[PDB]
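The chain that follows stands alone, in the form solved without the DNA, written as structure tokens.
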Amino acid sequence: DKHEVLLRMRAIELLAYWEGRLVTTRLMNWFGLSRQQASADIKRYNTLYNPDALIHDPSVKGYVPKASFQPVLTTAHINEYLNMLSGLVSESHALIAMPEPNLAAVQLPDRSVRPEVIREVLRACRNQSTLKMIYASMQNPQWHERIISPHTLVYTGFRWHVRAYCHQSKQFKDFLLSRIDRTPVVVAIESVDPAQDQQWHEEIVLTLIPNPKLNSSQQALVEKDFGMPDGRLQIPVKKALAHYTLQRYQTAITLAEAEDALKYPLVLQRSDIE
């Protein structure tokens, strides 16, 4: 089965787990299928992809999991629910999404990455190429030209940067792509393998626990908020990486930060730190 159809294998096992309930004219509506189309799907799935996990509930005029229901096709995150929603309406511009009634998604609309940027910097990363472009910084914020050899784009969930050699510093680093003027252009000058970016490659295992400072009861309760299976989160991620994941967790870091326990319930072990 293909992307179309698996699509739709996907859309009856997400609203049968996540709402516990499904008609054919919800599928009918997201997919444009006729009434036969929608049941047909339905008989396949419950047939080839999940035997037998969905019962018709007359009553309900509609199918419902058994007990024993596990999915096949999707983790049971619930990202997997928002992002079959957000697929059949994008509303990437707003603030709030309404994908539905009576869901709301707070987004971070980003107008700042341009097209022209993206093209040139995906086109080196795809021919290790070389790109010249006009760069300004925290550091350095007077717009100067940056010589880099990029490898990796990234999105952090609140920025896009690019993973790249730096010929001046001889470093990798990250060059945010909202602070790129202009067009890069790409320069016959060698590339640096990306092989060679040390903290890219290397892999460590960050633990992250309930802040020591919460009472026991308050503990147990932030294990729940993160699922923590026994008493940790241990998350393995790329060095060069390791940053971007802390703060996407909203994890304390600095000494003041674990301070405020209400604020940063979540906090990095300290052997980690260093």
Contents of the next structure:
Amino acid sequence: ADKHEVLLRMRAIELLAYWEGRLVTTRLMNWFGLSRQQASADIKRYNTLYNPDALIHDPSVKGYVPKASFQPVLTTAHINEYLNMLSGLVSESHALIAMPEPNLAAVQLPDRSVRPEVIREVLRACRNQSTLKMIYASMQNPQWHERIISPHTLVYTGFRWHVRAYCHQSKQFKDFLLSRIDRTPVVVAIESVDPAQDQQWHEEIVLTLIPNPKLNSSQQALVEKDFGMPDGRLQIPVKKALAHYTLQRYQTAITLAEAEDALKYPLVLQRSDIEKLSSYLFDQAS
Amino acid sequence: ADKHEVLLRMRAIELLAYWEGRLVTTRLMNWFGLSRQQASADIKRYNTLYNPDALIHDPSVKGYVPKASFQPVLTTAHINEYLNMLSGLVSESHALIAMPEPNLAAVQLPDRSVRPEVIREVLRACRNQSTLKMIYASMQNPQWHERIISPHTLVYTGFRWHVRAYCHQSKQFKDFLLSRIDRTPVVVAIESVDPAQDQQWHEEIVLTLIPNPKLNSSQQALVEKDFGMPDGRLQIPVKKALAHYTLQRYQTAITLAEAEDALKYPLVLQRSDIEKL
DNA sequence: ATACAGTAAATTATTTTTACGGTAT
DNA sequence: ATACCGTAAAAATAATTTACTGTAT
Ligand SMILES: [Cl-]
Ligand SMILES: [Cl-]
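Alright, leaving the form solved without the DNA aside, put up the form deposited with the DNA bound.
In what comes next, the whole complex appears, and the chain from above leads the way.
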């Protein structure tokens, strides 16, 4: 029942203990502008209400250390949680290389191309299940032209932002890149579409990612370890309309021609799945 | 002079106004566990102490909306700022697809390979400028073997974690994948090497990214708009030891053979720089 | 009718300030 | 003597509770 701010301090305690091996009040002080006394109380609150006696004061290292059986209770055990805490405390989302703390660098992709006036209109249309008229341009049709769309979900792929939307002139659900929308979209009064009919969005498929069959056995074991594969594969369930983005996010080879460079593409989509993958040209708006 | 908690609430007010066009106390209440009265007090504090009169209550849309003259004062106009705020409230870093709120999906890459005990030791060695003995394996030598390293920086490329470190067996600074480090790294008493000698780390270069020249003029203008090019190019200054990771992060073609697929690679490293890498 | 809106006064809870401690090393 | 630690008691600040409000659609 704790407020978000206290929760952030509990998370910070847990992540510092778990990932750095050491926790001192001063770090929480530097992060939250707190007194040593309240930070001490935060540590005690953690150690009694969240992770009972999970931390122990070790005067040898002049700070708190996790107990041998320490197991996080507010975060999952992967390192994204640690980076997320650090970057939320010292954000530099505009920079190419974030340096949230000393000795940590994180490659970023600053997006300055998505305009707020486009976002407010499109997100509101998403929430209202409303229909927009907008000016758009695609690779297939690169001069500005009108589109009539009923959007339902904004999507960040890890590289680009688009909105999943019903295209009324083609009568299909497609992806529209938000950076390609000129001016501000305007609401139009036409019968709206039910997003439940977006087959590709609601149907799932399982992609099987495997080590590049061109690598020798010791090399494939390294790929398995790199991606945490349980049994020589990554089975990835994903919405059909998001499969390609997921594959791109993993840097997977999806054509037999790509997989021939096992150095560039140690991770490959298993061949039987390739003929399953929908056409990518019809993902993008026409 | 405002507390960190208050600053986060001010940030949330600004970002909701700027990116959603509308702000109501109820959202702040759901986000921070506040009473409507305190959230109302936060809105007034923003509108008077941070961005004077930038917001106005519009009863027609049942909330506060930014004024036509609205200008953010606590955030940059990068949509990353909005997504980071949203995701900071609902931590689902484990999911393939995060849904920090309804009508928003975010493709993620959950990392399952980087171990905490490896991080504690290596981070401590970075801060102490100390020297570690560890068990490693690479694609070139995929049998497990010992390596002696002086690390200085952990690196997240957007796809993988590695540590930049002086490699004592090859007397070069190299990148070590953290997923290949066995959980038992050891501090050893060997002179550590000065990270100031990491030539690749401290030298910068300027990469020039351009629309794929195979695209026609109208398509190239779209690439320019997509990537925010001021004058038909993206000039990216970066540490040499991070250049390749940056190019991968942008999904840019870096070989003339890759640049032949203008659909897969609308963005390419300019030819003169390709021979530099 | 709904879902938004203002706030002051009183009560309550959160942090801060102050002081006087203990343990490696 | 550094560098970390506990934490009560008093004081200061922030937040909640209560109780009255108003408006476009
Ligand atoms: Cl650094
Ligand atoms: Cl971009």
